[PDB]
Structure formats: C-alpha cells, structure tokens
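Before any questions on how it binds or moves, here is one chain, the form deposited without adenosine-5'-diphosphate (ADP), in structure tokens.
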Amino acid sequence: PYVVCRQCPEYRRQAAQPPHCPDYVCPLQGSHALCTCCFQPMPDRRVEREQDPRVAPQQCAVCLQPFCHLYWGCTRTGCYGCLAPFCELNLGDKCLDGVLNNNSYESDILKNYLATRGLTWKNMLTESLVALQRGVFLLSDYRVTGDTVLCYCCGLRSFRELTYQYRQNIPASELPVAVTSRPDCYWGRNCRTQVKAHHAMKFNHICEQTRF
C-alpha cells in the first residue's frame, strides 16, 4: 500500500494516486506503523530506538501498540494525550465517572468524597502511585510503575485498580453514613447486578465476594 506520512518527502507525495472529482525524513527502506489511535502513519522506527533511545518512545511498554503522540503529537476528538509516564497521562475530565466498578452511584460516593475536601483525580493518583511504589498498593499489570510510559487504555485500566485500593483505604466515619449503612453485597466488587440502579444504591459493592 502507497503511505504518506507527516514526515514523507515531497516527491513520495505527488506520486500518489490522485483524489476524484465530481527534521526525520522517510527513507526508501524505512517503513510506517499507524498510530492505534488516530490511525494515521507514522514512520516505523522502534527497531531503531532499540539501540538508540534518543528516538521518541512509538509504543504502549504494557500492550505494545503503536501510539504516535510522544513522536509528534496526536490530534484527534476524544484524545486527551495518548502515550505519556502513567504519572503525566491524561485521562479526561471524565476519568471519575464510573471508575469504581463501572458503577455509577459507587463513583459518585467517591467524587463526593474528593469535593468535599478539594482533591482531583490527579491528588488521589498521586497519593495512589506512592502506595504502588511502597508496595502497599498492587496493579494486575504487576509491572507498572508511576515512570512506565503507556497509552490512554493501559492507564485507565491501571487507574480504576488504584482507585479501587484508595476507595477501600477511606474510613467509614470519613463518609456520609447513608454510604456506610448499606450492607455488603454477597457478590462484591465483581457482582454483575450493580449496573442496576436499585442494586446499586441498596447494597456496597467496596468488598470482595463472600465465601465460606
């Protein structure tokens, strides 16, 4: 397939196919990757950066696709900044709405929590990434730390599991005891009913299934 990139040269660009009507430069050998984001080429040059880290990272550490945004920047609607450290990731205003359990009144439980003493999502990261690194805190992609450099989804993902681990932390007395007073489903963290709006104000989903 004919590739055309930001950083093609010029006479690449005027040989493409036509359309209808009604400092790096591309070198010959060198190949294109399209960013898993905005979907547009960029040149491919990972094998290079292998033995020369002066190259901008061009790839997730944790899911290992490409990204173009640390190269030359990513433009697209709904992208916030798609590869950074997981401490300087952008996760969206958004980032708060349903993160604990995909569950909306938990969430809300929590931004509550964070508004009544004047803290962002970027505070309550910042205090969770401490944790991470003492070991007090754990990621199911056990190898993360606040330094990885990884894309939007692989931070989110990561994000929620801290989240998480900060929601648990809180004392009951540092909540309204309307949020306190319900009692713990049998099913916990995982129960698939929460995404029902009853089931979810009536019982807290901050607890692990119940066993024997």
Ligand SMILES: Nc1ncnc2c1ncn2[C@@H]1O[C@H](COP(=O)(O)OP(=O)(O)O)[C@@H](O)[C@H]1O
Contents of the next structure:
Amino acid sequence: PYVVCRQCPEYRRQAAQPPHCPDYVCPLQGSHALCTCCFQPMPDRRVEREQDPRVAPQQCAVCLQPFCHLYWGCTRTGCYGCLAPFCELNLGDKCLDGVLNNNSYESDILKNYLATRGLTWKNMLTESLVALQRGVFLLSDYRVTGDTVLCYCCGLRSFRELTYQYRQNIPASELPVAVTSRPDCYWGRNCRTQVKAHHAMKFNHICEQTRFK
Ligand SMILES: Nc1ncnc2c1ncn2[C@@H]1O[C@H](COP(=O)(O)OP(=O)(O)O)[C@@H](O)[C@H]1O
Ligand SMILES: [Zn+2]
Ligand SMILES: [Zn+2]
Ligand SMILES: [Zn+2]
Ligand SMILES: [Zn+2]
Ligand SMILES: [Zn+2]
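Would you generate the structure of this protein in the form deposited with adenosine-5'-diphosphate (ADP) bound, following the form deposited without adenosine-5'-diphosphate (ADP) above?
Whole complex next, starting from this chain.
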C-alpha cells in the first residue's frame, strides 16, 4: 500500500493517487507503522531505537502496540496524550468515573472522599506509586513502575488497580457512616450485580469474595 506520512519526502507525496472530484525524512527501504490511537502512519524506527536510545519511544512497553505521541505528538478527540511515562500519563478528567469496579456508587464515594480533602486523581496516583515502589501496592502487570512508558489503556488498567488499593486503605472513620454501614456483598469486588444501581447502593463492594465461614 502507498503511504505518505508527516515525515515523508515531497516526491512521495505528489505521486499518490489524486482525490476524486464531483528533522527525520523517510528513506526508501524504511517502513511505516500506524498509531494505535489516531490510526495515522509514522516511520517505524523501533528497530533503530533498540540500538539508539536517542530515538523517541514508539510503542507501549506493556502491550507493545505502536503509538505516535512521544515521537511527534498525537492529535485526536478522545486522545489525552496516548503514550507517556506512567507517572506523567494523562488519564483524562473523567478517569474517576467508574474507576472502582465499574461501579458508579463506589466510585462516587471515592470522588467525594478526595473532593472533601481537596485531592485530585493526580495526588492519589502519586501516593499510590510510592506504595507501589515499596511493594506495598501490587499490579497485575507486575513489572510496571511509575517510569514505565505505557499507553492510555494500559495506564488506565493499572490506575484502576492502584486506585482500588488506595480506596481499600482508607479508614472506615474517614468515610460517611452511610458508606460503612452497608454489609459486604458475598461476591466481593468482582460481583456482576454491582452495575445495577440498587445492589450497588445496598452492599459494600470494596471487599473480597466470601469463601469459607
Ligand atoms: N443477596 C445477597 N447478595 C450479596 N451478598 C449478600 C446477600 N445476602 C447476604 N449477603 C452478604 O454475604 C455475607 C455473608 O453472609 P451470610 O453468608 O448470610 O453469613 P452471616 O450469617 O455470617 O452474615 C454478608 O456480608 C452479607 O452481607
Ligand atoms: Zn513517511
Ligand atoms: Zn499499552
Ligand atoms: Zn497517534
Ligand atoms: Zn493518541
Ligand atoms: Zn454484589
């Protein structure tokens, strides 16, 4: 397929098929990769980078998919900056929405807790990353650190896990009594019913599955 990117040479550009009417410059033997976020082509310099750290990262270190943001800046509605070190990743203004178990009731409790204390999702993440680095908090992508260069989706995934642990460590006395009065749901954090308003309000879902007595 013919591909013209931001950094392609003019002669390539003018040789593409015309429309229908009613510092880097790409080398010939080079290739392009499509940004996973904006779908636009960029020169694929990953191999080059493996032996030359001066080239900007072009992929998430977790999912290994290509993203163009660090390389030359990505632009798309919905893109907040799709590749960054975890500690600097833009998760978006609504990142607290359903951040706990995809559960709006539980998530709103955390939002209220943070707002009451003048804290941001940013403050929460910074605090969580400290716990992560000491091995107090844990991640499924267990080798991710605050310094890991990752994408929006992978960052969001780990942010949810860190945030759950953050919430877990809030003392009951620091939350409204209406929150702490609710009994634990038998099925815990993975409960399938908590996406339903009534069930979410009735039971606490910041807990683990009940197994034995
Ligand atoms: N319909 C339900 N759905 C989810 N969790 C429930 C339900 N009914 C009770 N639970 C919760 O399950 C947990 C264990 O309750 P249960 O098995 O009845 O033993 P116990 O008699 O010790 O409460 C309790 O926290 C309770 O709040
Ligand atoms: Zn190009
Ligand atoms: Zn990723
Ligand atoms: Zn992009
Ligand atoms: Zn993007
Ligand atoms: Zn439940």
